[PDB]
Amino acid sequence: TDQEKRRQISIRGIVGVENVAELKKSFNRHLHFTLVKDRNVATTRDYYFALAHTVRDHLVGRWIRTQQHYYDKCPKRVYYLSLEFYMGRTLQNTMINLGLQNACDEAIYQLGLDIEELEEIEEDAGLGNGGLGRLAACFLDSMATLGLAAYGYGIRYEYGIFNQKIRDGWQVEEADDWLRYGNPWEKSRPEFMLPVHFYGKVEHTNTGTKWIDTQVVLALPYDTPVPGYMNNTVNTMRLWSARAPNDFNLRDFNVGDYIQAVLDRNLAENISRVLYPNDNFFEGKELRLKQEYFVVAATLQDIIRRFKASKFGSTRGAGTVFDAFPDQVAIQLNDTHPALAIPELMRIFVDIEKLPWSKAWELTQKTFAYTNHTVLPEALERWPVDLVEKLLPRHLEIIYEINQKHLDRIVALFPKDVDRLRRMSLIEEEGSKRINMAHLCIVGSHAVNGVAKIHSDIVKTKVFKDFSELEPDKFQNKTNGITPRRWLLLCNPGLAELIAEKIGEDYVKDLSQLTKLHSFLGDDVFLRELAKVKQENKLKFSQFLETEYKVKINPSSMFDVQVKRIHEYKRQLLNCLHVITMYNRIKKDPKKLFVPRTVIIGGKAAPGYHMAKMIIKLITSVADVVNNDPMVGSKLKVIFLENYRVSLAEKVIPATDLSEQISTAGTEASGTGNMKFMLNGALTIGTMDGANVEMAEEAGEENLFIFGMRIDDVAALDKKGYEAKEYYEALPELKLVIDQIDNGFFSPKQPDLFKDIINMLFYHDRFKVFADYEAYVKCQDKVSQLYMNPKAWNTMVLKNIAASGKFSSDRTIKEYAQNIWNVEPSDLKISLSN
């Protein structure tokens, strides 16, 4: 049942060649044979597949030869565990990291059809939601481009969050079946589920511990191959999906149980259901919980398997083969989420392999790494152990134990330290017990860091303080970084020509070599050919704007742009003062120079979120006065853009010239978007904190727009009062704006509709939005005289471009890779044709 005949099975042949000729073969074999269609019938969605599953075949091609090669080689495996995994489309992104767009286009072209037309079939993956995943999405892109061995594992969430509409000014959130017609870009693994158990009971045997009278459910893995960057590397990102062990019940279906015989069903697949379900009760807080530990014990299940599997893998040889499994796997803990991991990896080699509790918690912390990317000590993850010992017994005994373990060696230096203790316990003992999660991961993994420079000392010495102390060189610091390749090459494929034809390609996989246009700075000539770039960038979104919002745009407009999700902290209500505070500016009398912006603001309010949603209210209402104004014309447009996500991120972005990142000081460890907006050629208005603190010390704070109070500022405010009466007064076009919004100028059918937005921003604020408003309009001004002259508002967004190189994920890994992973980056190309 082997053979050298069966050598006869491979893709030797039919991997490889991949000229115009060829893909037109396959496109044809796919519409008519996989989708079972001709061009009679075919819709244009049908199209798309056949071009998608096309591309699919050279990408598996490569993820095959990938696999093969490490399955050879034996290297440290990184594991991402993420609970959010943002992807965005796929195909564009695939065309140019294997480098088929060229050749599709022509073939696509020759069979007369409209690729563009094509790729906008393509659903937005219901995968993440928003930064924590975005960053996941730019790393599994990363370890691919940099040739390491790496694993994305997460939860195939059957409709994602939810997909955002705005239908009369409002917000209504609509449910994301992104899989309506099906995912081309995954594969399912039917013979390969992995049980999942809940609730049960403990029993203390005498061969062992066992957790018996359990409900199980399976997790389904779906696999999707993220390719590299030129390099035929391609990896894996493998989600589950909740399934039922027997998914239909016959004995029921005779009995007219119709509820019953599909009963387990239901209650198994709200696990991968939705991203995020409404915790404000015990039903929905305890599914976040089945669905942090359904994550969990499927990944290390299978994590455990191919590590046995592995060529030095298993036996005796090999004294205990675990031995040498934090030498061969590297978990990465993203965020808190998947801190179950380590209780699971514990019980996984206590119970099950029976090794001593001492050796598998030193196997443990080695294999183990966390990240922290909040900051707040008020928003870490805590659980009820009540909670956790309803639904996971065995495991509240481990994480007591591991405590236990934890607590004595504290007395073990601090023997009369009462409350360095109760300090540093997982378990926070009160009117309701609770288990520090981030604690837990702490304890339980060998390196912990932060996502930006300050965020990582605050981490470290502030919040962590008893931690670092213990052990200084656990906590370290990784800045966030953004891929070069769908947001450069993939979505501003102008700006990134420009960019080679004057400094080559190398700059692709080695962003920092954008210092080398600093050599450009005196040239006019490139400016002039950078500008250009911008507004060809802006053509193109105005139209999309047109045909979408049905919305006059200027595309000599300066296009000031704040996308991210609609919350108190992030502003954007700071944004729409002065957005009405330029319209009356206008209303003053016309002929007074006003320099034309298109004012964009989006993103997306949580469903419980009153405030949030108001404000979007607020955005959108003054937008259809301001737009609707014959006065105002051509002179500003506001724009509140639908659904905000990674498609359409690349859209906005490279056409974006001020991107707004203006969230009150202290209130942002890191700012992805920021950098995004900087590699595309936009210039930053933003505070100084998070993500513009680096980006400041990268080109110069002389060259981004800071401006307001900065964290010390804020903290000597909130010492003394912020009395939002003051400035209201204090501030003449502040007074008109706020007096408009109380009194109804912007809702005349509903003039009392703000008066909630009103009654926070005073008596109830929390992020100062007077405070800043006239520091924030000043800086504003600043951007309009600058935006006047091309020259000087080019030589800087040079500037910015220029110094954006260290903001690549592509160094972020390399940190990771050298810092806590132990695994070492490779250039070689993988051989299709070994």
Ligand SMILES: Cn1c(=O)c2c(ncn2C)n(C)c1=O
Second form
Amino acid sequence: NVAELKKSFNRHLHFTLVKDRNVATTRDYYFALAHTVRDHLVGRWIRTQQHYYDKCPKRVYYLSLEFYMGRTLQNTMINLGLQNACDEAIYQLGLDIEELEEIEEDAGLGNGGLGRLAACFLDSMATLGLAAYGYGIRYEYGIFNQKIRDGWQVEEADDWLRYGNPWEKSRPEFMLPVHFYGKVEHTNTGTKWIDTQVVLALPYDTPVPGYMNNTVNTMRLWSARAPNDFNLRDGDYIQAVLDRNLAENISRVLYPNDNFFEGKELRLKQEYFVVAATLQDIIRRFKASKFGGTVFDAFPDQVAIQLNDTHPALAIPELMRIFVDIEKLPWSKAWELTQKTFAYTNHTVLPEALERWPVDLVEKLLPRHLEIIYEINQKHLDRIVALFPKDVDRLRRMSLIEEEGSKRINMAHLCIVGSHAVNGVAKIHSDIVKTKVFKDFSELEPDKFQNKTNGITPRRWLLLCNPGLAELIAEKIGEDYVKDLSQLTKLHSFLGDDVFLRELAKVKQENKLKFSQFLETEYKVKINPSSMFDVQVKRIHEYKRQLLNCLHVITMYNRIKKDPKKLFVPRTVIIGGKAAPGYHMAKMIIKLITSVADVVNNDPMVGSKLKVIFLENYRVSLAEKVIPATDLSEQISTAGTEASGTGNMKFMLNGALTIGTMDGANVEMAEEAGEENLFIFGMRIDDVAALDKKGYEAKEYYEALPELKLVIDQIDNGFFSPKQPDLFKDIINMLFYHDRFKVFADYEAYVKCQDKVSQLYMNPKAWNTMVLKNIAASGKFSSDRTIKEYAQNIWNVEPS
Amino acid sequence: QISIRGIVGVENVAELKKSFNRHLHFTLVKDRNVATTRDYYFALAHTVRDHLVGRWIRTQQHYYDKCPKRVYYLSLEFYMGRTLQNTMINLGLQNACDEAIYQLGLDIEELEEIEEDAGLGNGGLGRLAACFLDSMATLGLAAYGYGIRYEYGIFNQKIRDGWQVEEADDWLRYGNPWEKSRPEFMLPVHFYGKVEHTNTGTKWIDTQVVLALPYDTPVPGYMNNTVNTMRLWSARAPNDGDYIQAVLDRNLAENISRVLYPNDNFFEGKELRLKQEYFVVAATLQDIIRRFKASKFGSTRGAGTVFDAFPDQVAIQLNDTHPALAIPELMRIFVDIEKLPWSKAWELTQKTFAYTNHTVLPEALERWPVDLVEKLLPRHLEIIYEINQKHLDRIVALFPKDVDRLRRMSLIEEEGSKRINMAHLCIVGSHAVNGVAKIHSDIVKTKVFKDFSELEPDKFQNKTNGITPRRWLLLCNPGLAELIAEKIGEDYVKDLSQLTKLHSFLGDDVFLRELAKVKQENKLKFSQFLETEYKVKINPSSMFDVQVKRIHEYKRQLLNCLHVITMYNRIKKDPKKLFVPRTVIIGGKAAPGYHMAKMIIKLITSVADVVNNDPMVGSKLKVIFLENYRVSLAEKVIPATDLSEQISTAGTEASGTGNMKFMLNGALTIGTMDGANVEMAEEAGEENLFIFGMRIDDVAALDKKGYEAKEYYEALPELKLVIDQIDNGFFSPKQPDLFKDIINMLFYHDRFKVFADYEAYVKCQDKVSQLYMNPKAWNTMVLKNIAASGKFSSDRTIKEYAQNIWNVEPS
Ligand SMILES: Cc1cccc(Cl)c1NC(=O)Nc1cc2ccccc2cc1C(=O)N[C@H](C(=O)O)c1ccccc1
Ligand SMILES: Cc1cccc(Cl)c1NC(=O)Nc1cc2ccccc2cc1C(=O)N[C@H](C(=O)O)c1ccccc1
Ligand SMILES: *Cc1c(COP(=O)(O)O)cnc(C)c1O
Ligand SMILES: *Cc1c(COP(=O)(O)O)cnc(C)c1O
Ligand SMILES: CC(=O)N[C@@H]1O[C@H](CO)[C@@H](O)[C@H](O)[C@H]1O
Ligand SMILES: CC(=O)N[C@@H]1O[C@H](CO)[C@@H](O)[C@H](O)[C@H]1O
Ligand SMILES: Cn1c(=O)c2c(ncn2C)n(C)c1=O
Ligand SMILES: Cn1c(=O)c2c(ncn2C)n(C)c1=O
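Mind sharing the form deposited with this ligand bound? What's above is the form solved without this ligand.
Every component of the complex follows; first up is the chain already shown.
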């Protein structure tokens, strides 16, 4: 097999890259290897499509505006069982596979957790043999490349397709028209949506290999193209051709907002674009099937469509439009079938994230969908009036339309009424969703609302990113854990095995040494090998409280400066993440962190006790490097704000201990591992509510806590910005008068908890014993467990 | 060519079938149960490209190892057409691929018809570049084509309510299996900014950057081991406000390579066009210099790289003035970047460049406003001014008392808005200037650039155009190619002058019938196409009378239309009188902004409607406006043609190349003594062409006298009738005034003297009809045309450029 891989590599270099080795580039070698690897899954890819056609399993369609896929080469090698043989083949060719792997651009087609969940799910669904396709947009530009210039974030275009993508296949044959604008006529042959502008949707297919099985599923991503046909309704010829750019702009760039709604028309076009192309494709495949007594009675027995957040909410009225206006089904039948087809996953309760589209905007762009939405709402409110004749406010609360001045469509409400199942993403969150946020809806339909706790794939997030740990675990308990991560509980038998604990520590140490080389190469800071790696990587947000971590960094710095001879447990503090470009406070927080880092790293009285890195361009491939090197994972969102989290799970699986609040899935991590094996601190959700009731006065904490006062005064008075002493005035103002996330209220408990972490870190046996308990309890957080639950309780499909 | 018989030939076919199936599977990722005809086309295309990779690599190695002098053909246009069949033929793989595809149960014609034209040109100029690439590869020259990878080539033409409409030519929609992107050779191109004159010298600063990403297409020689390269540049925004809008605004940089300017023989001074011209020049020159420095002739001294040997290792041909900015750009690189003394840099520049002039029509001449150039390319304006100053200083020295000569010879047109005469820039910056046919090159030398050729009497040359006999005989007319080979062997393909051996069959009635049979087969096949696309019943015994070329006043499709109406009126006047039946086909694109050309199309379609539907005419006369004329369609209609219409006003068509294609493929020519028509008459004998009308001196005499169109209208009853019908609404009854603009032009503003050639043209046409009634005489004349067409091989043309301009040797 090694010999044939080398032969295949050389054939691709020659015929595919059209290069003699004398003038080949590193990129050429990457592409030759990529093609060699892709070739190994084509047979199963084709045979999987045949199998689904032949056997007609119910299909699952995961519809998302985001797929945060990272790099594909190593993941594909691992899932096909080819990694070791490819490593050896490339070595024999006089190359280094790790160098080739670094050439590949991330498919950064998402913002954070939501998009990464979609990615993990694809992997899990393929590994479980489900007839599942991911449907999304092939953005020409993904999440921006982040650079730091003078300590500030600057954005560069993520031109990930510049040199091509060997992991996609365009299928222009399957191109479909999407309509916009136009007008509606209610004719005696049905409602017609006419005089529209057309944009074509060209699909690109990327293979999704199951881990060591026969399944290769598909991620189909749509790209926007201008139509070619002359219309009699049709100026400068050259400008007309250039203006084709306007249609093509629909798939140009991912909106870089994490947990934040921006009601831009282009974003609405993206949402409808993906929905319209996807539903047409699904219906085409259904009609071509052996199920293709009218045509669509079997549709929800053959089709499940999962809505990833409310971003593809328009799928609901689009399916109704197709059923009623095109296929001529009665409204009642169409609506029955629609509800049985769709399920909706809610990912946040933060109000700034909620999608509320102005009715005037929807009327202009999608007049027929607005009609359909108004009719869904009418039939919905008619029911509520029937059940609660007197409750006028309940009608207001439950309407899909918010009438308060500027009328807006509540897309979450649309998703709830149009779906048979609604789930949150962690127990704490799903409860809030059910019993608070959508109380009025769950009361009327109790069985609709569910929980499906998030998860992560142990292929990318253990086998790939941490082969040392994966190997060590395999050596002790075999490799069944890869496909059933609950098998990690067997590691509990090795508590008290001191040789094993040393082996476990050595794996972490090797990871840290490797990541330290990266850090020294990229940042030219000298890393203390014996320091605790204290890491907070996630999107920059007020709710995630990178700011709270920064206060702790400054607290540590001041303690060292005040007592230089005192025992200090050394740390490398790493904070990274992107800020949404329009998010002013997040950008200020990045500048604060880089400003602190500059002072701390260059103070000769501090030296190797404490180094601070703002980790630039945080993304999936970089997550894979830092996570395995981490000792302490920071998961410190205000209680009630992080729906689940998944970075938390990645760190747990990779041998880090967690400092965190009782928020999102942190709560379930504590349940699985034991609360005493996490560093839990701070206000619980009820404590936060009590402070809201009483009223939050940040000044009181600043006055009462001397260490906080010095930290805040330093920030406020130019200690970290001597050339611009008032630089951080907006942060200070926010902290004292507009802090929705109560940073000062958790500061004391946070610092005391951090003190306990440092104490435990001085005791390697105790530390590593606690680590083992975390790894051994991490099995619940496999996305294979998550997908099995969706399959059984939402989609009604069986792993195969 | 590769055998399909015996042990080895069976294996050749077997390997091709295996490769096809491998590509369908691994490349297209399709089970045959779901494969489309397009999938099969791509699987074959990939297979065929695989078969030239070895030679392509070994060609590059050979040029590196032996360092022959390289020829770089720099053009804004490469009108390449389809590549699959051309490549199969040149590699000797057509028979084997045909057999493989047949054994797979597929129709290779259907697969071939899937391919989009690479329509990256407007007409003759762009197609000449394409023929040249084929010939340069066939002759083993170390030659690359350099151009722009337009996302959209020449628009697709449709006819709606009788008018041209344009659709975007989205030729890359399904991908291009021929090209290979080369990311690592990306180069920056600079725009705007300003010039700083400092202690360290002149710097061009504060510029905007656009990246140029090259894509390589293989250019296989006919039956040799050479595969040359066509490198086409694509514009990208650099890597490095509303964030979203900043990302969308990257479209502005990428717009530089978005679309081919669809003007044929017409200058439109648009800023985007100037950007295109600089883009291709800047990326190309950087790439050429990089290759030179990497070569065995690359060496460094105290200043750095010695460029002394540069013009011994590099020739750059400027296809028209479109890449004229190459001259000041090479000077900019030499002087500003490499720090060469101006004098030395200018000497090297002149020895490197040669310029081909393609037209003397004034509306075609590039004259860029200096203010536009100052804005976009401020350093190039400075360099152009300095070239002009030193140029005029020499003229002052030689002709101290001739002030008007300075005005005439300046690169700058000073009157009103100052403009740069790009032709003048090309002449002074080049060591050789050539026109494209004897008559044209003489006008260029002795009239248009008289002041320059007097000063430098050896600079000016002629290189008569040619066409490749691969695409334009072997490929498009296999029936004729086979017949010729049966009679005289297959050595004509590489030495087309061997066609004179066909004179052995003068008076051989068996051969003359064979020639007619080939034409008839072509006509029947093409008639099937016409009846599928058009509501017409084609008379299979009719003469196919064809005028296909871009729509222009100078090319006089309008004159042809007057003859069509004349024929119609004769039939109506005397329905029982004998009439030699014709199918009149006129085709070509109009530039979208060219009002008169668009009116002429509408006239032709309006006439067609009347003629085709008049029951008194019936099968005597049918008229077709052939839509979307382009290279692949030219390959179909040309071999089906009996009479080739080449009727430009004397002095206006620099050469023409359609004329040559028709001659090679067994049509007789009706034409004026213009461009290469004059040379076709020389080769075949003037008595074997239907030559008519004013010659160039007659046109000059009429200009001097003053042209009064109404005199012809009053003197020629048949013309009067035609014009009155057009003017009065006979061809536009629902809109009687529709053709007012055509009538006004013809009477008061006709620079091309349509009425002045009408009488001679119609009389000449009468002679054609008479000959067509005598198949033996007709086909005897055809034989004499085919037999004399050897001069018009572009292999002959390229050998002359090689010897007399580039100083390179066929290998
Ligand atoms: C087939 C082909 C066509 C165009 C360009 C390339 Cl890069 C390729 N591939 C390729 O293999 N090129 C060469 C192979 C060689 C093999 C042995 C010895 C020399 C070789 C040179 C090339 C080659 O194309 N070199 C390019 C060039 O001549 O354009 C060279 C390389 C680096 C900088 C400048 C030019
Ligand atoms: C690997 C792959 C992934 C996605 C799409 C395709 Cl077209 C391919 N290639 C492919 O060969 N697909 C199929 C092969 C089959 C072989 C035997 C029997 C049935 C097969 C079906 C497919 C296939 O993908 N068909 C598509 C589909 O299921 O998406 C089908 C075809 C035409 C209209 C609608 C759907
Ligand atoms: C896992 C992951 C996330 C989500 O992290 P959280 O801490 O749960 O917000 C975001 N970005 C990347 C690149 C990830 O891999
Ligand atoms: C050969 C050719 C031309 C040039 O034709 P002329 O009659 O010489 O102007 C123009 N267009 C196409 C498609 C051609 O093949
Ligand atoms: C709208 C949005 O991006 N929500 C995010 O979704 C992911 C995946 O469910 C959660 O882990 C995270 O807590 C939450 O902030
Ligand atoms: C500017 C331009 O396109 N000129 C054209 O060039 C071709 C190629 O030489 C000639 O055959 C033709 O007569 C001439 O009109
Ligand atoms: C105020 N604000 C923003 O303005 C913002 C954002 N994310 C993106 N943007 C622009 N978030 C989370 C936010 O709170
Ligand atoms: C007047 N005119 C035009 O306007 C024109 C053209 N070709 C393109 N355009 C726009 N020609 C040849 C022309 O003579």
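Throughout, rigid core stands for the largest set of C-alpha atoms superposing within 1.5 Å between the two forms. Residue numbers count along the first chain shown, from 1.
Core-based superposition between these two forms shows that, of 519, 543, 535, 280, only 280 has its Cα displaced by 2 Å or more. The Cα position of residue 218 differs by less than 2 Å between these two forms after fitting on the rigid core. A displacement of less than 2 angstroms separates the C-alpha positions of residue 202 between these two forms, with the rigid core held in common. In the core-superposed comparison between these two forms, residue 117 has its Cα shifted by less than 2 Å.
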